[PDB]
Amino acid sequence: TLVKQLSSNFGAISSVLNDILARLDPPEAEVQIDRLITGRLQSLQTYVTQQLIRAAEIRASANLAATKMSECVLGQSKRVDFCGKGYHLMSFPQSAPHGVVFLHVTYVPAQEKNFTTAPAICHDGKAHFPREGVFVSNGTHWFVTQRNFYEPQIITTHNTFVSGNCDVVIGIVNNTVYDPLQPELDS
Amino acid sequence: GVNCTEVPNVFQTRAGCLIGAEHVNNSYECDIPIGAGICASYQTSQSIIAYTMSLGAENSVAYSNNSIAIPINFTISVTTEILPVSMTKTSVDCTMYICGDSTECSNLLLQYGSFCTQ
Amino acid sequence: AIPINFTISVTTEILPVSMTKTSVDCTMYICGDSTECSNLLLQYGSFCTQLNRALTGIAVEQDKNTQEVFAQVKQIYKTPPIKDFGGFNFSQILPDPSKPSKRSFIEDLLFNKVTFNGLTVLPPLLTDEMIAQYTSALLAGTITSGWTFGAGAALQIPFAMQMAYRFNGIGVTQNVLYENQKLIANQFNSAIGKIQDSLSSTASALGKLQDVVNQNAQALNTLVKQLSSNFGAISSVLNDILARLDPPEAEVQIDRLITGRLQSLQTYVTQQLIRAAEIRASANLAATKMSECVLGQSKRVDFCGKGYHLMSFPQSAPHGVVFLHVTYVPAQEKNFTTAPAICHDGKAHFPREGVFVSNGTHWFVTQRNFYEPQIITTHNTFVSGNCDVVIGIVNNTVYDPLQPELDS
Ligand SMILES: *[C@@H]1O[C@H](CO)[C@@H](O[C@@H]2O[C@H](CO)[C@@H](O)[C@H](O)[C@H]2NC(C)=O)[C@H](O)[C@H]1NC(C)=O
Ligand SMILES: *[C@@H]1O[C@H](CO)[C@@H](O[C@@H]2O[C@H](CO)[C@@H](O)[C@H](O)[C@H]2NC(C)=O)[C@H](O)[C@H]1NC(C)=O
Ligand SMILES: *[C@@H]1O[C@H](CO)[C@@H](O[C@@H]2O[C@H](CO)[C@@H](O)[C@H](O)[C@H]2NC(C)=O)[C@H](O)[C@H]1NC(C)=O
Ligand SMILES: *[C@@H]1O[C@H](CO)[C@@H](O[C@@H]2O[C@H](CO)[C@@H](O)[C@H](O)[C@H]2NC(C)=O)[C@H](O)[C@H]1NC(C)=O
Ligand SMILES: *[C@@H]1O[C@H](CO)[C@@H](O)[C@H](O)[C@H]1NC(C)=O
Ligand SMILES: *[C@@H]1O[C@H](CO)[C@@H](O)[C@H](O)[C@H]1NC(C)=O
Ligand SMILES: *[C@@H]1O[C@H](CO)[C@@H](O)[C@H](O)[C@H]1NC(C)=O
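Protein chains in written order, with my numbering: chain A, 102 to 288; chain B, 145 to 262; chain C, 5 to 412.
Bound-form chain A, shown alone:
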């Protein structure tokens, strides 16, 4: 568009400047050249202004790209949905023509399956909560998995702790909590 604006007329009798200077010597060449100069100058100013605004856009995007390359690549961002959709593992940058491209590796849980649960467990009066994990039941027995992977294992005292008495927790469930120390006592 900036180039094409040169062929325009703007009110003079011609657009090509030499021909104007090749037909009209003393003042009237100048009265036409005034119009030519005004028009061309305004077109140039407009072009410069949108260039400035577009450059601001690009710089905002480039700062975003710099942040992504600093956080996704070198470390391991916990900011959800920042570096990909799911749980972030790694990333591998790739060049691109006037840009950069990332390759977000991501863990994605699937193949769900539902169990009845329980916030805690009474046993001999004291309500046991899980250290890390959740309580579940496979229909008849109660286990303690982790969050994102059904890897059940026997409830014990090395993975559950004690707080108070099961009178205020709402939704308590009876069970027995296994002590590894008891079997190894007859020596």
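These aren't lab readings, by the way, just hints derived from the structure by calculation. Some clues are possibly wrong.
Claimed, not checked - Listed next, the in silico DSS-like pairs over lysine-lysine satisfying Cα-Cα at most 25 Å (straight line):
(1) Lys117/C <-> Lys106/C
(2) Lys310/C <-> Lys198/C
(3) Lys78/C <-> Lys179/A
(4) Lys310/C <-> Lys179/A
(5) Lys103/C <-> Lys82/C
(6) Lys186/C <-> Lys310/C
(7) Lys214/A <-> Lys87/C
(8) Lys214/A <-> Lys82/C
(9) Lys68/C <-> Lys186/A
(10) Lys103/C <-> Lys198/C
(11) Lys169/A <-> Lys68/C
(12) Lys25/C <-> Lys117/C
(13) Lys169/A <-> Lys303/C
(14) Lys68/C <-> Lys25/C
(15) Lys105/A <-> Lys233/B
(16) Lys186/C <-> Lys227/A
(17) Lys310/C <-> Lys212/C
(18) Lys78/C <-> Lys186/A
(19) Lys106/C <-> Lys198/C
(20) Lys212/C <-> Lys25/C
(21) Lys303/C <-> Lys179/A
(22) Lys68/C <-> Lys106/C
(23) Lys214/A <-> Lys186/A
(24) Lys186/A <-> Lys82/C
(25) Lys78/C <-> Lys106/C
(26) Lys169/A <-> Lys78/C
(27) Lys212/C <-> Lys198/C
(28) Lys303/C <-> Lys186/A
(29) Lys78/C <-> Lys214/A
Model the placement of chains B and C with the ligands on the given structure of chain A, informed by the hints.
Same frame as chain A, now just chains B and C with the ligands:
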């Protein structure tokens, strides 16, 4: 944006008049956007069809007070993201663009202050 | 100093997301229904289709924004019939069957607060019902599924456990919740109502998205009010010049008017172009404040509201979006003497995750943000070395659980 009784099947949208597009009654993830929830697309003997866009398949999560779902499997998914970082470094000279080897124009341009240096 | 009690607070944040679309014809504005302004305007070059190309770019991005903000979910979840969520009732942010346009008791008092010359006003791509349905899907997917409807499919989890496993992020344990469920529930209910009161009483908060419609109507007013200005010519009414001066005097007069009107229109387009950059800057902040605060649990400080952020709910608003950050601000304090390490039988028992504190005679090992003092055992402390290098070491006794068991 014209009540299209006043124009030279024929659908009457909230954003104007859409002539030459069938108003189907089902809903899809839309291809070509128009406005006010109306999109158009090419599908099935073929023709063009306009409708109201959809947002997604319904899902009623069976929420109970003592039930939790725990995944049994994972699946590593690798995706892509593209971002611009720079644009070409273009520079323009004022005097060549405005006058162009035409000193009798540069003398006049002199009077206009300093609309080259900035 | 270690807190004894806590308070739950439900603040508010308001951001603008998108302007109102517009599109201005060139020659209907410059030359209002005239033909003697065809010759006198084809002279100037590609001005018209520059102005008619910047405006559509703005118009399309102003609608890309509202689709990048609210359309981060993939499916439309719905709650079960009424409610069961422990003691928390979201009975006044959730949609209701009444009021045909599905909309909740808060984003209704938000909509009841901000109540042609060559100018056209195009409609938005997403009507006010579709945004309200997105903000209800994102609301029914977090009340029922927690962290994990942004990762993949939505996994159910009872709400009590959701709120309990959200504390374990900010630092406090889960017993702290389960023995204080009633307190936290009735603190949360009697903190949502203050938002209703504050929003209904005055328009104090919704200024951020009101001084935007109050600024896009100043430029749009000046643009049409500068049609009545001679700009340095005999008249401003086009037909009057067209009639009074037939010879090539109308050329110079109409050139003066055309230059004036073209300059005014160009300086309107430039102002819109600049003003549409900060709107996108705020729309890009809404997207990353709604990915992180809503669909997760941010550990950044002061980002999702002051305090320890643990939940949040989105609520729509006219050309905007409103959050309802929930935080965990501790309360009434005490003061205790402390020690960097105990010293039992030559070694130095550091605390696993906590702080040793005292009362004058006893010692304990508590958390950070609550005061539940256990008893120092070799299940709360890990031994490292000897008892001289540490500065501030104290000497005490450290209980061992297996010892009072061998006797029987
Ligand atoms: C899941 O529940 C099933 C019952 O439906 C358990 O099956 C029995 O578990 C007992 C444990 O004391 C075993 O002695 C039995 O041999 C099991 N049954 C069979 C047919 O082998 C099962 O153990 C539970 N899951 C786990 C991991 O224990
Ligand atoms: C879990 O088991 C305990 C003990 O087996 C039950 O405690 C009962 O409590 C009531 C009132 O405190 C007593 O009258 C009973 O004698 C206790 N024992 C039994 C076997 O009932 C407790 O009720 C059980 N949990 C539930 C939900 O019933
Ligand atoms: C979880 O939901 C079930 C719904 O079945 C609740 O079960 C109800 O319990 C009350 C009182 O115990 C009974 O009067 C109802 O008859 C039960 N429902 C049915 C369909 O029989 C259960 O109470 C809920 N969990 C908690 C902790 O209240
Ligand atoms: C988790 O998903 C993978 C698929 O990615 C399952 O792998 C399949 O396992 C079955 C059973 O051994 C094989 O017959 C298939 O050939 C495997 N397919 C692939 C593509 O690996 C894996 O078994 C799943 N895990 C569980 C516990 O079911
Ligand atoms: C798991 O969910 C399905 C429906 O989503 C339900 O029919 C089934 O009974 C649930 N399983 C258990 C053990 O509750
Ligand atoms: C268009 O004009 C007719 C004439 O009365 C009217 O009946 C119709 O409702 C108008 N269209 C719309 C969309 O209002
Ligand atoms: C869709 O079908 C229903 C059923 O008759 C009708 O009421 C409605 O007007 C139809 N909509 C369109 C766009 O054809």
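Verification of the hints:
1. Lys117/C <-> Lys106/C: Holds, because 18 Å separates the two Cα atoms, which is no more than 25 Å.
2. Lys310/C <-> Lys198/C: 17 Å, holds
3. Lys78/C <-> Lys179/A: 21 Å, holds
4. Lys310/C <-> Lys179/A: 20 Å, holds
5. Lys103/C <-> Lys82/C: 18 Å, holds
6. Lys186/C <-> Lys310/C: Answer holds: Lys186/C to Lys310/C is near 24 Å, not above 25 Å.
7. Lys214/A <-> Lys87/C: 23 Å, holds
8. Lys214/A <-> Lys82/C: 20 Å, holds
9. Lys68/C <-> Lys186/A: 20 Å, holds
10. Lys103/C <-> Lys198/C: 23 Å, holds
11. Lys169/A <-> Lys68/C: Given that 25 Å is the threshold and the Cα spacing comes to 22 Å, the pair holds.
12. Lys25/C <-> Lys117/C: Distance ~21 Å between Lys25/C and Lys117/C Cα, so the pair holds.
13. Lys169/A <-> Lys303/C: Holds. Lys169/A to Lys303/C sits at ~18 Å (cutoff 25 Å).
14. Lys68/C <-> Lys25/C: Given that 25 Å is the threshold and the Cα spacing comes to 12 Å, the pair holds.
15. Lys105/A <-> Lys233/B: It holds: about 20 Å lies between the C-alpha atoms, which stays within 25 Å.
16. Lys186/C <-> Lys227/A: 20 Å, holds
17. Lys310/C <-> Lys212/C: 19 Å, holds
18. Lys78/C <-> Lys186/A: 12 Å, holds
19. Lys106/C <-> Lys198/C: 23 Å, holds
20. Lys212/C <-> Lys25/C: 19 Å, holds
21. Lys303/C <-> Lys179/A: Answer holds: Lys303/C to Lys179/A is near 9 Å, not above 25 Å.
22. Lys68/C <-> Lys106/C: Between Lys68/C and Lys106/C the Cα gap is close to 23 Å, so the pair holds against 25 Å.
23. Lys214/A <-> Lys186/A: Cα-Cα ~22 Å, so holds.
24. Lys186/A <-> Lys82/C: OK: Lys186/A and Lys82/C at ~22 Å, within 25 Å.
25. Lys78/C <-> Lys106/C: 19 Å, holds
26. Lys169/A <-> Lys78/C: Since the Cα atoms of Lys169/A and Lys78/C sit roughly 24 Å apart, the hinted pair holds (cutoff 25 Å).
27. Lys212/C <-> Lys198/C: Satisfied, since the Cα-Cα distance of roughly 20 Å is no more than 25 Å.
28. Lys303/C <-> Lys186/A: 19 Å, holds
29. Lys78/C <-> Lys214/A: 21 Å, holds
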